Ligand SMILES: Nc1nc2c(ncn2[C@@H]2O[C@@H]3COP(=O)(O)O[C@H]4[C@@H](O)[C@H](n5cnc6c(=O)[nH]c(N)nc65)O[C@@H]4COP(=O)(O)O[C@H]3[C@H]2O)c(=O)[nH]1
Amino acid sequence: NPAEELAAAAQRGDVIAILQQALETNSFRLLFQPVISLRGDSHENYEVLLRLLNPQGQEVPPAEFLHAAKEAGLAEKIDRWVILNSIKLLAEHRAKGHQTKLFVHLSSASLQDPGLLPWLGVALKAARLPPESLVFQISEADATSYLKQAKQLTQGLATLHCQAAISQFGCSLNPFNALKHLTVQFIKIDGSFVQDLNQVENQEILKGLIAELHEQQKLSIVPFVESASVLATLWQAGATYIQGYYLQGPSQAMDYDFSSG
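Return the structure of the sequence above as one chain only, in the form deposited without this ligand.
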């Protein structure tokens, strides 16, 4: 019978079967990586990260399950799973007085999905989720390729009391242009700007980027903090938020000791 066969195929390493089954059995796993506030944000900010386990409990490479997801047309549905579970956890936390906020990725498929907003509206209401508890994170490349969808989407999220962010910012031709049309409070700059910081020029480039962002009234998020050296440099440069294994890596628990007033 069908269930027996799906299960058999998944056991065989057919990642498409693994994905189809995981949506129906919670065989995904959410991880959370703290976003650290340098400028006095009270919120407990976490980025959510998705992992997939195969039936034998081992993790399947994201690159491979991402690939299989596009091919089986499963991307929008995966985002929904993450969004739904993110909403659930966030309701339970906020109810226990935790000021927690989650950054959630949207794939380009979801970016182009007219059904997202309507469905989202009811997922939020069903959980009676507090205002501005969710930040949707869209990669620069995607928001750029589909600027029309991105403007519309971010307008909708606004109306829903949701925030938004662009990640991997600053690699396009004119990064700051796409910002004109979009409704985003957060800009998460690409980790390539955090490479070779010893070089004074990279230092200036970073500082200038962060400066332009604060000019456009954006909150800057700088990732890939792997050392004290880089943490200090980012603080000096005036980054509003930072993230990195050095602060804390991804964890299945939201147990981070945020300290920001």
Contents of the next structure:
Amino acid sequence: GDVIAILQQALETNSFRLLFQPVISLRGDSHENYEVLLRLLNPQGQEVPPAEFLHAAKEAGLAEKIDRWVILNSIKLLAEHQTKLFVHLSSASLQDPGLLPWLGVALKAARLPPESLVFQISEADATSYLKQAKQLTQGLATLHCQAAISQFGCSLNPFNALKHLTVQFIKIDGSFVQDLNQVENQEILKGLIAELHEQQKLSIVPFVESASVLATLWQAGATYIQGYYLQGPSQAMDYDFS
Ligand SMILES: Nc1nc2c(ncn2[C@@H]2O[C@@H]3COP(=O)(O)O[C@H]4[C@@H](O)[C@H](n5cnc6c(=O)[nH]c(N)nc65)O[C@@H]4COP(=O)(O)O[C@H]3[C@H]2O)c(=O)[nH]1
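Return the form deposited with this ligand bound of this protein as a structure block, the form deposited without this ligand having already been given.
Entire complex below, previous chain first.
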């Protein structure tokens, strides 16, 4: 239609919804972690997935505003439990010199505890905008936020990026848990996890949709898992982590 007109209006009328998908600790950590996922609410009140609007938003100069809406609301809902939220950043926000100054004031205004937010950057974006990702993640550390790289492991030399960035969590690409009946894929997954741990990064493995995969990941040493098998995205944070 005019997705752009709809987005412009949505940003001014709270016509978005946050969903939450729990991230589960396998090694005894007590935080109640959730990933925040965004849905646009169309004029009929239906949830529309990021695939249908984030691209057009960025091209129309709206991506930073969408990220600020998500972050502002995450900070709020959080404030309302040892909860930690994983929040996505678009590439536009990576490049935005105003993000850090604004985030600093936004955190203080809600009186948010340290280590409450983890900002997620895709591997592709971390690599494409390496200098900006370096600066942003260093700044996040100064503000006592954490950071993560998601969709990890698909670039030619995925570990090189970590030489430059300040990140505590690494969320590997969902492709790595497909076809785990093949021993080659088991070995690839195990090696990836092992190398992340050598680098003292916490591994998160998503797309867990089966007991065999859950068990394989647990034996491979993954520090956290996520997937429909545990719980899909929901409007409420009521997962039983205990
Ligand atoms: N097959 C399968 N799928 C699963 C499973 N568990 C979760 N998913 C879905 O897999 C996608 C994971 O997010 P992402 O791909 O890393 O990447 C995200 C991220 O790049 C972007 N995104 C979503 N929310 C936000 C947001 O708040 N801000 C920004 N900047 N980007 C967002 O949109 C992408 C897609 O998000 P979603 O449509 O919510 O789609 C999500 C999630 O709903 C599973 O076990 N199996």
